[PDB]
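Worksheet: the structure to be examined is printed underneath.
One protein chain is absent from this view; the other protein chains keep their places.
A, B, C, D and E label the chains in the order they appear, each numbered from 1.
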Amino acid sequence: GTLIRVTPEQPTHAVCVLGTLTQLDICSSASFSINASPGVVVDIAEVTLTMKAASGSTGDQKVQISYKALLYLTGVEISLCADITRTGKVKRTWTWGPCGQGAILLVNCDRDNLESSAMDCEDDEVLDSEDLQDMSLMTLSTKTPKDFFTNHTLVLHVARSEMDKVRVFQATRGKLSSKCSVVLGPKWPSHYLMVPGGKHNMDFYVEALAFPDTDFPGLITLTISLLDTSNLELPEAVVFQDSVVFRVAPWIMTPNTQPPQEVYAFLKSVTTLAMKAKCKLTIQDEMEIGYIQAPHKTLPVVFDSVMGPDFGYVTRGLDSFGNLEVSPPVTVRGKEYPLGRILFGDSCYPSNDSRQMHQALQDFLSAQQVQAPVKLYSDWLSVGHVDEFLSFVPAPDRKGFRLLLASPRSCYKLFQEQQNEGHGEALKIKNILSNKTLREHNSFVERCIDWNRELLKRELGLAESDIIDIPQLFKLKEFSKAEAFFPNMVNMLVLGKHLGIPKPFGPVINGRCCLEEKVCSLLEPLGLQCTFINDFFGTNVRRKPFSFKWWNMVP
Amino acid sequence: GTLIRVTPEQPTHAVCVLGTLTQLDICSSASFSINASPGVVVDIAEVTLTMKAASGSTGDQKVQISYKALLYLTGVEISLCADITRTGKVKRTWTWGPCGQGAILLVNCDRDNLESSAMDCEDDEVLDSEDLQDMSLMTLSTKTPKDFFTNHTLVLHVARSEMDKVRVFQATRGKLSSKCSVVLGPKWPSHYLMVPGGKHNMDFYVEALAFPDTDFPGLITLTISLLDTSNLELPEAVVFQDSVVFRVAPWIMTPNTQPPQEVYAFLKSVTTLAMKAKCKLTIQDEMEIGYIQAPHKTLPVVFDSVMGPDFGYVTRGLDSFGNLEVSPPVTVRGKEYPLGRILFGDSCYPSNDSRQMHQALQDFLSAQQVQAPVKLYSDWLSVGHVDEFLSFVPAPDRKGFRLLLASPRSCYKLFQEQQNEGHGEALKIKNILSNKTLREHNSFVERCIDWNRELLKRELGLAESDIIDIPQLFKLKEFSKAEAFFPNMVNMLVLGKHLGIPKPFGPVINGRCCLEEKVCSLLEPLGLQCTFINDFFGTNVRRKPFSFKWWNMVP
Amino acid sequence: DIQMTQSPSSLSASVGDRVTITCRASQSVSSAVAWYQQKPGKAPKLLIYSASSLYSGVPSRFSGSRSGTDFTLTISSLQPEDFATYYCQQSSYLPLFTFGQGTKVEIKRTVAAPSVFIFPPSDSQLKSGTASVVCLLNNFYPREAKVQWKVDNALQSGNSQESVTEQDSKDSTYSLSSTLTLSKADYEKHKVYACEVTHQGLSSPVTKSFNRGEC
Amino acid sequence: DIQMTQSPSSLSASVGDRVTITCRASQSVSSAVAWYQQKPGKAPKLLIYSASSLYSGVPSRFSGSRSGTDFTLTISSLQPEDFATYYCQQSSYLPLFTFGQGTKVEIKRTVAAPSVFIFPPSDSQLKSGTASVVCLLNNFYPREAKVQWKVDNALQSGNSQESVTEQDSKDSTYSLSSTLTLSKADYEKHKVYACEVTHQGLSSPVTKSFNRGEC
Amino acid sequence: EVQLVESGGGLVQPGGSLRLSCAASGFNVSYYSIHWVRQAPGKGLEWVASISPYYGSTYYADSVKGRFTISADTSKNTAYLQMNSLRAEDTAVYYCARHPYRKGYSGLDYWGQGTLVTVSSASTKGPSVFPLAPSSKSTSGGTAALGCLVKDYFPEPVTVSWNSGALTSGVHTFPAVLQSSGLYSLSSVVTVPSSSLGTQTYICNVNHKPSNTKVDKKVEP
Partner (left out) sequence: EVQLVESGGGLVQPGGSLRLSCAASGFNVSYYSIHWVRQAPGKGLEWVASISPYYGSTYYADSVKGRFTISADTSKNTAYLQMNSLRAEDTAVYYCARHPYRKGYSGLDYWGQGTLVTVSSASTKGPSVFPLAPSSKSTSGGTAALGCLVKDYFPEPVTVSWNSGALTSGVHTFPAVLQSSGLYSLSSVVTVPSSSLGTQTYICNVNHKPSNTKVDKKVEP
């Protein structure tokens, strides 16, 4: 690495940092011998110098060269840790997978101090020891002669281009808060540190100020420079640098197959389901609840197209969250997606009057590569939402889940079988089967949903046996967009094995609605408990985070 | 893939595109047998249908199901080529390396029509057949029954988010220009095509409108939708899609080891060098001349911190191009860089008064991953430029090149040897060797250049034997920044094996300057011809593009 | 920008005959053509919407064809309602259309010699500073005629206008109006005026003449 | 935000003796401390810039030390120029400093009984609506003294100010001024005024008194 | 049923502007491509411009590129064509036509009636009528030719009849010819038995409505 000058012209001196291999410049000034003092190891391949331990005094060790020349050596220990192996308290670049390395940050997007409405990352202060549990700890470890820093100084810095993405605090009292001051942040990218001589350890707390986005890959690098200050009228020179690389934890969404934790909310049926599912039911608009995870802590985060002690909030934003959903974990042509894929609806090709999810949302979700996006066709609906025809439920067998699609074909087959058995007068079935306009409107919808069937089984790695066809009819409005004919039986509330399904008011045979019996015959064989809720159509459900750690995936 | 409905309720019909495997929905309506007509192949694993050739009439082939049900089939050929194998005229996603696939675009940044000062990609017209040689050709190949398009239509489109990055023209008369109209561009992302029945081939010309940047990864996708138009009062449905993916060719720089082509320009010495090097010498500020390459054409491009028929211009922008240079091809810890690495100077850590190359230039150069960037320390200079201490020249042996550094140590050793032989009065050498202030200024510079020696040999995969130490002294100015003591002998003009070196006016022994004899003894053994130019310090040199194709690299 | 030529520029037949109109494109358009019919004072009516195929509601008398870059319209058993101007339309990918020059189909009859008349300028016009000398070619067939003005043996050019009527619905002839426009001064400069007419129906050239001031 | 306590708040010695000043931090600062000396009317002067190590130009009489979180300054062979106020400075990583309460080093001498005097308000002050009763404690040692106001057996609180002089350069004693501030009306309400003094040098409490209007 | 009705026509000055409109009935314009086709007096069809409101694209002929702009309103079911920098060569009848590209063919099925756009510096001006008296110079066989000149008028049309419509036999009224002056000139002639001269009435009635001019001119030796 670093080159050391050796010459007969006069004695020289250099500083070596433990773990760094340096080179000696002997052949530039005068076949020679190297005589190294105890604790100094020199190899020839081209002369490489290394030292076993830090010195207690300036010029503690020396190397003599005989062809004569003399070099003095001072050894120091300078290193920065920052949780590189991903386990916490561990005491090169960032890589992916179970065999990789690199530090992780959380965005400090919760509100631990209840005396203010502001977000914890918006100010320049740590007001409580609880906020430190949301920050990544790194230790600066040093060992030098007691007088070493009279001719040397250490500077900690972050690249100017990312100084508004990270803030670094001084850990006065270590694990405890004591109104910590700022070392780095949006007001300056670098600062000197008054490091004393001897063996010392200083703690820093590092927090992320933003989520990954189009202009932010997610990596933040903190570097420490050792400068030579020995001549007070001469500019300072760099003699050693060391650094650690962090990645900002991405926002991860939970699908319907993750066990539920709590429900925010008709209420008699929701309470009954919350009790059978062993969930916490409490008292806002529709929002998507996800999380961010680091080796030291997991934090819930709300995504808004509201903050609590460990309840995070992120924005980064005309189609609402009924158009944004997530699959269960899948394998696609040999590639694994341990956290599933993110599904959103749009148009099959752009036009002068079509709709799509705003590009800022597509860029935000795509910028966080742990859950790959999928484009589905939804612009054929009056509202344009995926949840109108597509939903997921758990299953105990091979796949672990089922994909549920709306099927006009399943409803027409059910009505024709009732007509064949002499029930055409039930409310009527004969008036629905004879309506040519309704059949033609559903024929358009059948091709639309079947196009999505192909996109879903191609992108999610599914078989036809993994898909259930739930009877559901559609009609076109005065603007030619699809709307439900009767209450939507696919857009259900899922709490583990208990399903809160909107109640249909279709034809009834022997005391039971034909649509409810058909739905039960498709879902109850999987162990799923079906209840039909009167007038089903501000409800949000938080699910358990994945057991899989997102940094072990290889996108 | 696409699902086809089969039922005893009534006969059905579907369209199959050659090369696509479709599925038959038989078990949803009624153990059965499949009777397929000639040219129709059906496999069971789960029933997969495929067809051998396109039909000449609607309902040409049929499949009978006996448990009875009947399905009619029409076969069509619909495909889009676009040079997927990278050879030209070939007739999934984009991948890197010699075993990959995907189409390539050039940015139409030259000026082929000399009647206007505008750039060819700025307007919506192709004014000359020569401009078509700078555009990527793709053929749309179709074969349908003569009456097929009375119930079907084809739409070509580009994703809305990238519609301002690509323009697609109609190839009236094929290889020739005939004032071609626009199919796609910044004014609309999609358009229908009037495709007739029978066997036809339509040509398109696709051009890129921008270079890769922070908000542009370089990929552009063009998709063709087949729509079912059979019911004029019912919305159109998608039944088939196909697409091709293009990458925009990045800007590539040429190092000093590429053979020269022409020189833009004291002139008596430049003409002498241009003649010995067999180059074209002709009659602007300093600019960096590179190129963009695609399988069908190579185009020179000028990068500005001016346009000709095949002479491109790109901007995307306080440190000028003396601070931006390129290494020869290298191997770094087992990773190959066939096109070298891009070197630029900045500060060792940011401060409240330091300098760096503007972030827009770092983002533009980093956005084009074919030549990886390297950060060097140059803020210690009065001007902050890399070219002040670092340059490259060819070499015939092991490495193929040499890395040249300024060395105050080489100049002081040369002067001390002359003093030891009794030449201290030459102009004086004794007055330079006795000047303690000059020695202390150079000691600071020695550590600065040695820091860069470590960065260069670590990032470029070099040995100490690959580096030559050229005698050069420095002094600090009234603002503490480094300036040359005597004319800079590292910042030379390289034309193959002939070097245009600024002339020093240092001590002379036996009719020759000591600095010139030392430089000759270091460079002439490599076959390099050295000439020393009086008053050396608007010159630009264009080099031959690399023989290696950038799309065969794996960044 | 593919160019096209449509021909013949004038066709003639009696009722019940078979006629064809053709047009040549400089480059192939993959059968992207159409045919229209127009009558005086009406918008064009679509007959053929693609090579060969007939538009719904059109009589079976009309059919199209292609041979390389040459396109043809055939009209069998030609009826009185089929005598109109026809246009060939060339189309391609994208909505950009190019029309041909157009061809007129007229009614065939026996060649008829024109009746040639000449009028001097009246006093009412001469008093205003202008003069028009009128030459009439009444009731002749076919439509094409050669009319020249020769005043005192000096042939005129650039000051003679022509207007021709539509084919007569009763006898299928044409009438042509030829007018020589002079200033009062240019008229006085000359004495002997003549309108010389040559036509297929004249066994010899027919000239009418007058002398200024002699009435 | 690490807090510190500096003590003893007052030290005394003769010239040539050995004295120490200490300060306790609540948490360790890895030897990041400094010591300063201040004289009346002057800016603080730096003695020690880090634990133990002496600043260039300071007499060898001064040296520092550390034991855990307790820091000490030792002054050997104490000279007349060393009698000053000393401050302990706590420092850390980043330029943020915290100072201790400070300690004064004074000159040791034999205990001296105060001379106690009392003055009634003069007519010139009484005519303006105010009255001040003055009690003097002249030439005593050490500095600490207990002075109380007891008018007609009613002990006062909140209306008595004190001022103390610097140690006398000639005899090392202190003088204390104690003033009772009354309105004209509050003064007239009372008759018998007294200043009671207790000090280490008095074998028994000394009280001076007067009666309003009797002079 | 499907109907296209053009409007916005009339007379303008060289260098000026004019906007045409065409209201649609029987279909929604957002699903069709709309074309404009120009026909100058005595000439064939020229394609002008097209718009496809569903995709937002527009195209123009080389003869109008940079001057003409085409647009449409899908809430008013109406198409528009904005003209700028008009020259005398732009005088023609402008037709609006529907292109049902969703049916797979390129032909234009429904056309409107057309609206005339005239570009000229000429002012409104009544005709000057001059008799062409019959004489031995217009006599052939048993008949004589006579007529009226109707010269120096603007704008079109002029309606001409003889004896208030009583005389139509042997009457030929010619289309007018545009003169280099910017005014129109026509002739109207009749062939009569010469035995009738001086006995039968030969009065031509010239009606030019734009100037409220009616001229009754007797034609006689």
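In the analysis below, contacts are C-beta pairs under 8 Å (C-beta built on N, C-alpha and C of every residue); 3 or more make two chains touch, one makes a residue touch a chain.
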Options A:72, A:96 or A:188, residue touching the unrepresented chain: A:188
Residue in contact with the excluded chain [from D:63, D:76 or D:179]: D:179
Residue among D:76, D:98 or D:148 touching the omitted chain: D:98
Chain B residues touching the omitted chain (full complex): 351-353
Where the missing chain touches chain D, by residue: 1, 32-34, 36, 43-46, 48-50, 53, 55, 85, 87, 89, 91-92, 94-102, 115-120, 122, 124-125, 128, 130, 132, 134, 136, 138-139, 161-165, 175, 177, 179, 181, 208, 210, 215
For chain A, the residues touching the chain missing from this view: 149-153, 179, 181, 187-188, 190-192, 194, 229, 232, 236
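The rule we apply is simple: only the chains that are shown with their structure count from here on.
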Neighbouring chains shared between chain C and chain E, ordered by label: B
Innermost chain, taking as reference the mean of every protein Cα atom displayed: B
Chain pair with the higher count of C-beta pairs in contact (A-E, B-E): B-E
Inter-centroid spacing, chain D versus chain A (mean Cα positions, whole Å): 63
Chain E, residues touching no fewer than two other chains: 52, 55-57, 59, 62, 101, 105-106
